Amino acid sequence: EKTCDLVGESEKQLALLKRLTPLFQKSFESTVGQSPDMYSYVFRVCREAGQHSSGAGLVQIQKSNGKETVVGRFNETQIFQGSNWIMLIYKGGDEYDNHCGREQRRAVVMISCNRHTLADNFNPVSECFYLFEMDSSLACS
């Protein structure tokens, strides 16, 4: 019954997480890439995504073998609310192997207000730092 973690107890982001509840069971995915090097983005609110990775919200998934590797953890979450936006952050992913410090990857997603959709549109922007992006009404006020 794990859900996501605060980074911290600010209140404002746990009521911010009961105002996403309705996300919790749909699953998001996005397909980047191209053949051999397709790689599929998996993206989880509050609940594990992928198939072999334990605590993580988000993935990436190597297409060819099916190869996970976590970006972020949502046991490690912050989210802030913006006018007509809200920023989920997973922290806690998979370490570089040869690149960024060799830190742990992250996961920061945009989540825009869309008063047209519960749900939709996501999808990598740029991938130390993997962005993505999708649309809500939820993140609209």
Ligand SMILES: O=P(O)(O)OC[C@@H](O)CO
The other form holds:
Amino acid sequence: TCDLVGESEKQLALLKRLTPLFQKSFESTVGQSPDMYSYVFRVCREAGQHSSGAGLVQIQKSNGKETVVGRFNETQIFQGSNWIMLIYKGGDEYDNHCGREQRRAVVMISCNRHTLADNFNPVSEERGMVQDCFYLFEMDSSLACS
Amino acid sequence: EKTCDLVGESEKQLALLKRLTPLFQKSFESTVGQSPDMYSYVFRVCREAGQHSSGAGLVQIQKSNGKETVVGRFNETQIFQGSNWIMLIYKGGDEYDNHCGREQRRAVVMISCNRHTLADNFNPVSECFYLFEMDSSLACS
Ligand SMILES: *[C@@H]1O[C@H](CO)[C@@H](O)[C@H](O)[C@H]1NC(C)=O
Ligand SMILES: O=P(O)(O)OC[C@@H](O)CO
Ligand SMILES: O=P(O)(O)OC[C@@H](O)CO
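Please give the corresponding structure for the form solved in complex with this ligand, as opposed to the form deposited without this ligand shown earlier.
Then the entire complex follows, led off by the chain already shown.
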């Protein structure tokens, strides 16, 4: 399961508030041909098929190259008025961008009082996230409501 | 005449900045903590926040003596729009003295869609990086 970065029982409780999503699998594909990437995200569970401990991976559809965007063994989580921010650090280092630092995944879970979990997608396409050196994603969930 | 300076430029982020102009003139504030250690957070969109912090977009004010600590500068701005929320980031703040590796402070502000107010309810979420939030119909789409 998710391992908190650092004990903030506040974040611990939050991981528990999110367990109803652990077994679900979210995917979103952005961009057009030659050039199309598929993002697979999971909550405190393996997201890739060639990785270990990946929380969110990027898959180049042209050749299936799977890049780890963030790991759930380095999780951070915060709760706003009607959203929950989930962060997965320790992803693969950029090859020739953003100072070759480790990739990081940020998922903004917005309160949606009519779905337990739905509409996951990057806040991009893949020709903008790398430019901004920020993998920002979003999804809906009543779990993010308060 | 100094406005937000996009980090890095990204006509999408420049458009978002224009979309947020109605807030430039407004002032946001929220106080946390109990005497005598209360802090006041002042936030402004593409304008200066405190009274003694040039280029500061968001400042932490010690209510006891008014000492200002810069959390983020609007000349190192980043902005993203999701579906029913806009994220505003201000970097280049005063570096920590004994925390986060002396690391320059950063301000992350989650502007949530609220169809019933142009701007309101600004307050910190948690105090690395400082996470804040507020409501605005401008973040509604
Ligand atoms: C998280 O897992 C990665 C991959 O094995 C590893 O390199 C890193 O040291 C781990 N970090 C923690 C929190 O143990
Ligand atoms: O297709 P996504 O956006 O990943 O949502 C899947 C979820 O509805 C499965 O229960
Ligand atoms: O109290 P805050 O959150 O700073 O909002 C003030 C704003 O409503 C003034 O027009």
